[PDB]
Amino acid sequence: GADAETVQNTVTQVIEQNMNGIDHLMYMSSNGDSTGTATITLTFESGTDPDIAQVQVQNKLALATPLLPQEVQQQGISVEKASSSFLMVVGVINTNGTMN
Amino acid sequence: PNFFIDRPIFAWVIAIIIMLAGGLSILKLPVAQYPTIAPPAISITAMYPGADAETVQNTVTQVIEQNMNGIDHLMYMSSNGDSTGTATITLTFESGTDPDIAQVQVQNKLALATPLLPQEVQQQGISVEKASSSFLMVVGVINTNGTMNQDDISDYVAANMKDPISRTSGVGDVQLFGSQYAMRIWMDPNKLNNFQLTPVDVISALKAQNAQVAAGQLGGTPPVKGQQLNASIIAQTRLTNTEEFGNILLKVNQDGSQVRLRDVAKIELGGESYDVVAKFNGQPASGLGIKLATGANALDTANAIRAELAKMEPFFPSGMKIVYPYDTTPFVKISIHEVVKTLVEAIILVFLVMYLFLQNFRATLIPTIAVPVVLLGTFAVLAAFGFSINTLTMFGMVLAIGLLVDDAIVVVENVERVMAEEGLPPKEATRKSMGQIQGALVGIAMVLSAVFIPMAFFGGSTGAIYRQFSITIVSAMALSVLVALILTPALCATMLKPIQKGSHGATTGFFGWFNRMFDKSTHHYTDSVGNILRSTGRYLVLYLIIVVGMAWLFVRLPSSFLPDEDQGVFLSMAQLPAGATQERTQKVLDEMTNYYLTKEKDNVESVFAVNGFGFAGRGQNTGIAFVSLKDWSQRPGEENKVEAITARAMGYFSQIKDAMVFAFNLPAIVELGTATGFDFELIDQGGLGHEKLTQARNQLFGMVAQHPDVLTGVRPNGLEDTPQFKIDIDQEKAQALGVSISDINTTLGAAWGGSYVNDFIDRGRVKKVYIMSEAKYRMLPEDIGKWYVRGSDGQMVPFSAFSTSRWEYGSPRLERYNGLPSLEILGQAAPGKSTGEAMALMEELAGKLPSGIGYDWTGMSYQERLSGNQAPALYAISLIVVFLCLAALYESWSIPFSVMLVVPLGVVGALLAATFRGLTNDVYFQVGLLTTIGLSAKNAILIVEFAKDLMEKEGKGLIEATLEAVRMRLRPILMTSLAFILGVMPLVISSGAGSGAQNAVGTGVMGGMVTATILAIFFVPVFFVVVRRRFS
Amino acid sequence: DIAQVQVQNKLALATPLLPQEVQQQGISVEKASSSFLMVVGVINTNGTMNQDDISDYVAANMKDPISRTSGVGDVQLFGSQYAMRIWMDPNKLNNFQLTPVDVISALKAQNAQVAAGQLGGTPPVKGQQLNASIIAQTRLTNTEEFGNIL
Amino acid sequence: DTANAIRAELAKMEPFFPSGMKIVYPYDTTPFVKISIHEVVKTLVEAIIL
Amino acid sequence: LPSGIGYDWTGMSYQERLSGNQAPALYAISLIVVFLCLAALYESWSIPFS
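Going down the list, the sequences are from chains S, H, E, L and Y. The first sequence begins at 51 in the entry's author numbering and counts up one residue at a time. The second sequence begins at 2 in the entry's author numbering and counts up one residue at a time. The third sequence begins at 101 in the entry's author numbering and counts up one residue at a time. The fourth sequence begins at 301 in the entry's author numbering and counts up one residue at a time. The fifth sequence begins at 850 in the entry's author numbering and counts up one residue at a time.
In case anyone wonders, no lab produced these hints; they're calculated from the structure. A few of these clues could be false.
[Unchecked claim] Taking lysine to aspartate or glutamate and the EDC-like style, the derived pairs with C-alpha atoms no more than 20 Å apart in a straight line are:
hint : chain 1 : residue 1 : chain 2 : residue 2
1    : E       : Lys208    : H       : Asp591
2    : S       : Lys131    : H       : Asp101
3    : L       : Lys312    : H       : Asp857
4    : E       : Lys163    : H       : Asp101
5    : H       : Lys734    : E       : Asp189
6    : E       : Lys131    : H       : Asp73
7    : H       : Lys602    : H       : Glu584
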């Protein structure tokens, strides 16, 4: 229940301002939605170990988490390896039109 | 080498690829003063606002400590909690531990332990960081005008400078010396009592007013069929300025009059915390310290920081001014430049010495284009190993100078003298010379490898330092041997011209005079050795005397880790007694600042005094000054060096009765302590308590007062007990009235320690909202009765109605070690005694302590205990390998002893040089000692190899072959010795920036070179003759 | 190590959904083998201490340092640490019109470690000469203090 | 290595045990490992001798 | 565009720029390596130069 500007000021800016000093950080991008979702994407230099990068990102994020609003801490913060394309889209239809 | 004598261009392209790799590595090599030396440490910091030491320890520190299980490679953990409400748990890991993995494991364990912590502690947040107390630079912001105070400047820095600085490449942790803005609400107990309000009501209203509502959407799914508009709903309005917070409604009276927050409190934009106050030369200021990042050029990062600050300069309003009150980068640049100058001058002096002895321009050109190739390849292999350009690496390259120039001079001189004696053309002379010395060079490389590689396997921080030195010198020596077998023979074959107009035909002028005089000296020398070889028993007795003197000097010489340097900056600390307020400490710091800026106006350029902040710990008693001197050029003379300045300040600061103020120089490495010091923990192993542990510590101090001949300067590392104010709540009286314990505790805490209610958005930044009393109403114990709590019936009840007060003693700072209550004792060994015997005596005295009181060793004492007697074993293995390699080279089990007996010959000179100059037995001294041993061993190896070749190939007698050998090998020894001594001498006589390490490197190696050459040239023929006569 | 990091990262998203009692007990993510490396037992040869006393000693003095030893995946105490056990009586509770909720609230209120701030803390008035910590209320330490709770 | 570290830690703990309290070792699998390795090493030495 | 409005390439464009930027150095290094290898093999500077 936060607008995009509120998300930017409250969560994205804090997290991204703590995301400094990470090794082999190529570039960083962020966005804040009106749905109340903040996404920070750290892209590293090609050849960087993704596990060490994830560990370092978790290390920096833990410092920023207390500065975040309490509601977003209750929701939880996910640090995951990121891809921008689908490998596959497996779809499930129902013949006979039985189920919506 | 015969392969590359006929292929000069192959050798040239090999040298070209080596130099290109070296240049590429130099471009991409991190530059820092020192590498990662200390074992990795992880700091867990939590703040419990308003809590005392006991509250912090019993609600935070113990809970976190009990859950720090399952972490890998943990050596020890120590924790403390002080009256500021701060818990600091430091976990130290083994040297090889990956800091990222250790930190993530500690953070995961803490996160699993977080729900067990008080809500206030969780709200403040617990920070897990890699402990690194190394300020690369601190940049302060002052105001010429009086407009901006500490809080305003600090808020500006936080909101405009910290982010751009942290964006700069190669930056790390940043600590703002001020505090960001906050919405401070200063409650008045009288105004609250007038309207029958308590701090609880204020907290509730503040929490209610600031909120965020998930209001939803206008056309949210599932929508009605035919819907055409979708829009999000924004419901709750967050307060942004002080007027809105004042407008908050607290209560409505019967007549309709409204009790706003203005009526009961003063609302203003103040700082988050007022504990830390920083002033720069007496002016209000706020600064931010910078930590260096991994794999980053410290010089480049400093330049980037300065560029960013310069680009942000025009935006600063009014008299805002950027000031640098503390920086280490210029010292690093100066020291590295001095090392590079030493290398260049070493090359030039090699050129000059080779011309003086050979009088052949091309023969001088040959080594001048060989040593730089070795240095560049050393940079290449250094980068390949993952190392950086630092003080240890650079001074290791300086110590390696003798080896590289020795190899180049040996090859060139042997070729030249074969060309002169035999009259061979340059190519044939080169092939014959390489035939003579090619195997000996490989044997020398194998021997020298066995004497430096064992250094790399020492443990701990000292092991890391020795590993840096060992890898640098091993790489340089191996590459120089490789170059002497590939490039140098080809250069001798091609560049050198045939010797015409006779041999040494130059007879007129200084060079002719030198040739005549050196021929005489060589003849006198050979006669002397002949005389020496006539009766070798007396000279064996003399060598025994020399060895005994070596042992005596080695025993006498004091030991140390690293030299203290004049980095241009030093630190001053003030410690006020018992419960002294912030104002008194500020007065003391102002007196110190006035002394520095008036009595030390020539040397001191600026002093950055910060009140309430300390390296050891926080508190209103503590005080730190980042006093920075001028450039080394502006301060000539020993009286204007940091040591003299510190001595004069301590002379002045010893007469300050009110405080206990100290001034000291920066340690070389902070983690390393004094080599004579020990870190002793007095652990409470039996649940004795704080008082019994303190009594045990006092008894131990009484015992350490006896035996002053071993222990000196023992002292606690903590704080003695101070009076504390005890507010005791009577439960019966509290229940008799309508007052509730939660209300009482909330009122007391929110009044006297403050509460962090919630956040608000200020100019697009989230800032905290705090409530606390006005300072007027929380200064004295009488002010307790000014506060009232509402009963159930609606009647305000004074604190004096249900409570009593008393003054009792408590600990301002409690500490634990490995999960048990502890007291940290730190001291030093007596100057005559050593660290080991001091530690043994401390262990015995701790054993005399009462039952249930344990002990342990931490810090450098832990590593000393962990890795003891390792150096004798590693050097014994080194001796075994050297003997085996020499046996392989000489095809005999007895000849190697003639070479190996030259070690004391150089050790005596190193020890004498250190003793006469009043130096110590530090890391630089030991590495220079090893390089001296290597060079003397190489000289002895070449002499013995030449003698054996004369005896076998030429079929000459023992004495005849020995004499002819030393005659042949004299010129190279004198050439290399003169070049190395002349190159080293500026280090010995230097007195500028970084001259401590320069003197430590130079003096030992110079003395070792002088005595090693002088003694060896006469004792290695004796050793060879004695060995050959004794066996076969 | 990476497996544990990823597992705990996934767990952190589910922890706020768990009951408060489960979080209060504490969750443990461990990388340990199923089988026991060794069992270390403690025996009182005097015969005075019984299992509970021995177990408390082990929990309070041996369990944590062993757990922090490198390479120790998990430590199971074959017993339990001492705790302040309040054994309620329904008849006595009914006589005084008291429920376990009242006992819980009384324990929360009268067994608490209070942070009461400082006497003279920052910002101070101009001329302040004394700064002392305020001690308000500490957690109870023995059975008598708990029994004395009103 | 873990068993050796545990035994060292227990040795540190032992001088503070109250009176009759004693550490026993009812279950341990590392002694079998080390004794088996020693048996194989003795087998190798006997093989050299033979 | 007006002042204060910068730009940057990301995603595939970042990699495309990086490729174009590092292409000349690749050619230079490859040519130098080939020249040095030929000089080593043929023991001449004129042969590789031709």
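Hints not upheld, ascending by number: Result: hints 1, 4, 5 and 7 break, sorted rising.
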